[PDB]
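Listed below, chain by chain, are the residues.
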Amino acid sequence: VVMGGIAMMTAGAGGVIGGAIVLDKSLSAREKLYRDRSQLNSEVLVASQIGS
Amino acid sequence: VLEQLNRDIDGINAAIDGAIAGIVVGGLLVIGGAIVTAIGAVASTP
Numbered sequence: 220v221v222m223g224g225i226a227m228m229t230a231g232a233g234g235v236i237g238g239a240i241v242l243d244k245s246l247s248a249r250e251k252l253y254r255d256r257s258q259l260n261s262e263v264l265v266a267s268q269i270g271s
Numbered sequence: 167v168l169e170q171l172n173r174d175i176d177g178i179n180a181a182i183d184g185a186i187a188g189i190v191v192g193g194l195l196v197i198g199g200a201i202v203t204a205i206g207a208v209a217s218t219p
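Heads up: the protein sequence lines correspond to chains GGG and III, in order.
First residue of the first sequence: 220, per the authors' numbering; consecutive thereafter.
Numbered according to the authors' numbering, the second sequence spans residues 167 to 209, 217 to 219.
Hints in this document: simulated from the structure, not taken from any laboratory.
One thing to keep in mind: the hints can contain errors.
Not the full set, but computed from the structure, chain GGG residues with beta-carbon under 8 Å of chain III [stated by the list, open to error]:
no., residue
1, 222
2, 224
3, 226
4, 227
5, 234
6, 239
7, 248
8, 258
Yeah, the Cβ is synthetic: ideal placement off N, Cα and C, and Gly gets one too.
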C-alpha cells in the first residue's frame, strides 16, 4: 500500500515537473507560428488584391 | 454544410483530447513504473 502510495506521489511529481518544463518552452513557440500564419494570410490577400 | 462541419469539428476535438489523455497517462505510468522497478530491484521480484 505504502509502495503504491509512494509510486503515485513520485509519478504525480514527475508529471507536474515534466509538464512545467514543456509549458515554459511551448508558450513562446505557439505565438511565433500564429504570427507567421496571419502574415501569410495578409500577404496572400494583398497578392489577390493587386491581381483584382 | 458549414453547420455540419462545425458539428463534426466539435466531435473531432473529443478524440483529440482522448489521445492527449492517453499520452499523459502513459507518461505518468512509465514515470511511476521506473520508480517502482528501481525500488523492487533492491531484491522482491513481483
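Numbers of unmet hints, in rising order: The structure conflicts with hints 2, 6, 7, 8, although it agrees with all the remaining ones.
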